[PDB]
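Engineer: The chain contents come next:
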Amino acid sequence: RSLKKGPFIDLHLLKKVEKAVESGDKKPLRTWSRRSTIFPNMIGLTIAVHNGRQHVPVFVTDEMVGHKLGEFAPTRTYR
Amino acid sequence: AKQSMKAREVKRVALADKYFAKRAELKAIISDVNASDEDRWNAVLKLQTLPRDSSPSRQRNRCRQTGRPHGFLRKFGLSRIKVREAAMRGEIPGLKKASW
Amino acid sequence: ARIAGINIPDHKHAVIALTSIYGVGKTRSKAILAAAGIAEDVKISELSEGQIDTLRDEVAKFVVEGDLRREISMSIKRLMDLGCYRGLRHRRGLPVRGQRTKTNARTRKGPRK
Amino acid sequence: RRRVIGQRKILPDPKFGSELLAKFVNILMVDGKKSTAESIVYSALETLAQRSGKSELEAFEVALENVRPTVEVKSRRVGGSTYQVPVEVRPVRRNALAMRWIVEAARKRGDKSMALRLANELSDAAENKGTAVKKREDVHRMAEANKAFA
Amino acid sequence: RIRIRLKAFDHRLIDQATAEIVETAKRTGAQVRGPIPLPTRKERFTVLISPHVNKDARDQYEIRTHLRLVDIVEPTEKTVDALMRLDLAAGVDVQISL
RNA sequence: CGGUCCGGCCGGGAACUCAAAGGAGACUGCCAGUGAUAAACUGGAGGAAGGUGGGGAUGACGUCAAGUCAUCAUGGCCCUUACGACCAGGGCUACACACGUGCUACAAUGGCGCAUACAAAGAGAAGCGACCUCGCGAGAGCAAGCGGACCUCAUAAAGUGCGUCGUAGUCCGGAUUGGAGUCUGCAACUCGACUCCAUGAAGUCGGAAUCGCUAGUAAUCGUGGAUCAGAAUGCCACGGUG
Numbered sequence: 003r004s005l006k007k008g009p010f011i012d013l014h015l016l017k018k019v020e021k022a023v024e025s026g027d028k029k030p031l032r033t034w035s036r037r038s039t040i041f042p043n044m045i046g047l048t049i050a051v052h053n054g055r056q057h058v059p060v061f062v063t064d065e066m067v068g069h070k071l072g073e074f075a076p077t078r079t080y081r
Numbered sequence: 002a003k004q005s006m007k008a009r010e011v012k013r014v015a016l017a018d019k020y021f022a023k024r025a026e027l028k029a030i031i032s033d034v035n036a037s038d039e040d041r042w043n044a045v046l047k048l049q050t051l052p053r054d055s056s057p058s059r060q061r062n063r064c065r066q067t068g069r070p071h072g073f074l075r076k077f078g079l080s081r082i083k084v085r086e087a088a089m090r091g092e093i094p095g096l097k098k099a100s101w
Numbered sequence: 002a003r004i005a006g007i008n009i010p011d012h013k014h015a016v017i018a019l020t021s022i023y024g025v026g027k028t029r030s031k032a033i034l035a036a037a038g039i040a041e042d043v044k045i046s047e048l049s050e051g052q053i054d055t056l057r058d059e060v061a062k063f064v065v066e067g068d069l070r071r072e073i074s075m076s077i078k079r080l081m082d083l084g085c086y087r088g089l090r091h092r093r094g095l096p097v098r099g100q101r102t103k104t105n106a107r108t109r110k111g112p113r114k
Numbered sequence: 003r004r005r006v007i008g009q010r011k012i013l014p015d016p017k018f019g020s021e022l023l024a025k026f027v028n029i030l031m032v033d034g035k036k037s038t039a040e041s042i043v044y045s046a047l048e049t050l051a052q053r054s055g056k057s058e059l060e061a062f063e064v065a066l067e068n069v070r071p072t073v074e075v076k077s078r079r080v081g082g083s084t085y086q087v088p089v090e091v092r093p094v095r096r097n098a099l100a101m102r103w104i105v106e107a108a109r110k111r112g113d114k115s116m117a118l119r120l121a122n123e124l125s126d127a128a129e130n131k132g133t134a135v136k137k138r139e140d141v142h143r144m145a146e147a148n149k150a151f152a
Numbered sequence: 005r006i007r008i009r010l011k012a013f014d015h016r017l018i019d020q021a022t023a024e025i026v027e028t029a030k031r032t033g034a035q036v037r038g039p040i041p042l043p044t045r046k047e048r049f050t051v052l053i054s055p056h057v058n059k060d061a062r063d064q065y066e067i068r069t070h071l072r073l074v075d076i077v078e079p080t081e082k083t084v085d086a087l088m089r090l091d092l093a094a095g096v097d098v099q100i101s102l
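Residue numbers (the UniProt record's numbering), protein chains in the order written: chain A, 3 to 81; chain B, 2 to 101; chain C, 2 to 114; chain D, 3 to 152; chain E, 5 to 102.
Keep in mind that the hints are not guaranteed to be accurate.
Pairs of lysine to any residue, SDA-like flavour, derived with a Cα cap of 25 angstroms [to be verified]: (1) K18(A) x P52(B); (2) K6(A) x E72(C); (3) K11(E) x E92(B); (4) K28(A) x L15(A); (5) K6(A) x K47(B); (6) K30(E) x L42(E); (7) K76(B) x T44(E); (8) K47(B) x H14(A); (9) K6(A) x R24(B); (10) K103(C) x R81(A); (11) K78(C) x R78(A); (12) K110(C) x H91(C); (13) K97(B) x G95(E); (14) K76(B) x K46(E); (15) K59(E) x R90(B).
Not the full set, but computed from the structure, chain B residues with beta-carbon under 10 angstroms of chain A [what the hints assert, rightly or not]: (16) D40; (17) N43; (18) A44; (19) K47; (20) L48.
Calculated directly from the structure, the hints in this document are not laboratory data. Backbone N, C-alpha and C define an ideal beta-carbon position, used for all residues, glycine too.
The whole structure should be built from the sequences, with the hints applied where relevant.
Structural biologist: Here it is as structure tokens:
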């Protein structure tokens, strides 16, 4: 939305570019970032995104190049 | 309303006069207009907007007497929760009972 | 003769059955009428065989109907596969207009008999 | 209450010199847009000019001469009972009654321009030839025949 | 060579403050004109009459902003010096400009 | 009526307007009539105005000992290793359904496009912004006038008039859905506004039943301000038609 070629990353991600396509042998990286965006190449990076109580296992394709981290991390369940 | 609300403006309002009302009119020192599709300024401008609480936004005057935000009226000099008791004491110059 | 309109009414101005329907738009679809010799003010009947060849000349420039609906539908079906906010709201019958389902969601809900 | 009008004065039509044609545009107009009503008056008289046997200068007055009653029926409370009584239709209303019925008829119609909707009723307003149209006058025919109790 | 201003809200204080300025300006200048006017303004506002709810009950307040260009006949160096220390009570606002 | 920054600009005036103050004038004064013949009323003359001239400001005793310690204090109680406050992420615009009210239309006493007549009241220099340029466009970029009574915000709009059109969910509308952008701002994904190429639905009186005032009043169209980094249709005001 609004921006040609999509925005540049947050500075708190600009310091985390060594963990952009790989998390390692460790548990999927716990992320409270929801207003920040994804890296333009990010597949193979295992992450868990906050929902307001817990962290959820999110799924991302190699074709996703600009989305807010909250936009694909659900918060509700019906009744 | 809380006693914490009384000093919440102190840093915010100071940077409003310092930068947050001219930095866009003076932006030509942190900008370039000669290179096509080339960035050398975004990360230093995002570093300038890295600090929080003090913003061009978030800025509210409040009732400094009570911490209450709502019912502020600049034309009265005082938030309406205290206006009648102050204006009938004669404390606000030159508010009086004269009606329509 | 007709070129893009499919409805029954006869002898109208050269815009109502010429523009703003199924994919043809109104921005370039009206400028071609002067080359065909057709006027855009007041009802007209000069569009026939011969005049219409100047309009049948426009090829590969635009798309209409189901192929234009394919363009938007696939551009949402790629998102309905994913955990995206508008993904589930187009996989399930949910609004995206930022609505209050306590008060107004009437287009998305329906009758109200 | 008591210390009230009556009838407030209105200025007569500048072109025709008539106070009936002044009241007529006041009740004809809608949302106070009297400037459009000044284009409907006389424009609705197009098909009446030659047809008026009183000449054009009475081609609208003729539709108001058709009905000039002295009493109307009203249904009024005397206690736990409600009865039909004749009430007087005074000179000030006697000339303005049918005028108020013709504008309602034109507003309730929905074909052509308003200057043609008004002309539909005005064409028969002194002929009364239509079906179930004189039901309009049953409120005065029932008044010249009131019996009540004395 | 300067020009002057007087601004107030009180209908009598505007003349009492004029009578301070045109006298300070006459103490070092013998030629006279008397005060010139303009611009006057007015403003009105409404408030809720009670601090808690009661939003159907309201009270009416207004002000009248008075201003004079005043004019000075001789704005001489010795006369503007007397206006650098202008006092003149609180309750009004003034300017000196060139 | 001379001179002319060609201009109420200088000479001339202090009057009208426009903005401001203080008086005088309306007193049943005047006639006849009515009135337990009295209070005061009922008409006429004369007047700008006639009967507290007209319009405002004002809440007697009493009304539920009303709503509120969520603005306040202030007696008490409970929590204090917290029911306290500092960040951050979700929420206070969940929804198979109810209540509470407006605005714009459903049209042709109406809309649209192009002309054309006339404002009142407010806003404004880290401002109000006239223009031109790039472009599809928001807008960006520069920038006239002006210090806010001879500038900007600003073709008021409706109305008038011409061109055009129907009983068709319409020329219309463009509500909705993606894609592009434009602005402000850690940040507009989610809840923001403005724009463009495209697509495209609802509205042709509307449930039992019922609502409200007496004239510049109802009815109806534009203009302005507040809040404000960045949006209202809500809030407070202004004038036109009536």
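Engineer: Has the given pair, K110(C) with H91(C), been kept, meaning a C-alpha gap of at most 25 angstroms?
Structural biologist: holds, 14 angstroms
Engineer: Hey, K47(B) versus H14(A), does the alpha-carbon distance stay inside 25 angstroms?
Structural biologist: holds, 11 angstroms
Engineer: So if I understand the rule, the pair passes when the alpha-carbon distance is 25 angstroms or less; does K6(A) with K47(B) pass?
Structural biologist: holds, 18 angstroms
Engineer: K6(A) and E72(C) were given as a pair; does the straight-line alpha-carbon distance stay at or below 25 angstroms?
Structural biologist: Holds, because 21 angstroms separates the two Cα atoms, which is no more than 25 angstroms.
Engineer: Does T44(E) lie within 25 angstroms of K76(B) when you go C-alpha to C-alpha?
Structural biologist: holds, 18 angstroms
Engineer: Holds or violated: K11(E) and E92(B), Cα atoms, limit 25 angstroms.
Structural biologist: The hint holds at about 21 angstroms.
Engineer: Does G95(E) lie within 25 angstroms of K97(B) when you go C-alpha to C-alpha?
Structural biologist: holds, 16 angstroms
Engineer: Has the given pair, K78(C) with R78(A), been kept, meaning a C-alpha gap of at most 25 angstroms?
Structural biologist: Holds: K78(C) and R78(A) sit about 22 angstroms apart, inside 25 angstroms.
Engineer: Holds or violated: the hint that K47(B) contacts chain A, with Cβ atoms closer than 10 angstroms.
Structural biologist: holds, 6 angstroms
Engineer: Hey, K76(B) versus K46(E), does the alpha-carbon distance stay inside 25 angstroms?
Structural biologist: holds, 13 angstroms
Engineer: Let's test the interface hint: is any C-beta of chain A closer than 10 angstroms to that of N43(B)?
Structural biologist: holds, 5 angstroms
Engineer: CA of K18(A) to CA of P52(B), is that 25 angstroms or under?
Structural biologist: Satisfied, since the Cα-Cα distance of roughly 19 angstroms is no more than 25 angstroms.
Consistency note: the structure conflicts with none of the earlier hints.
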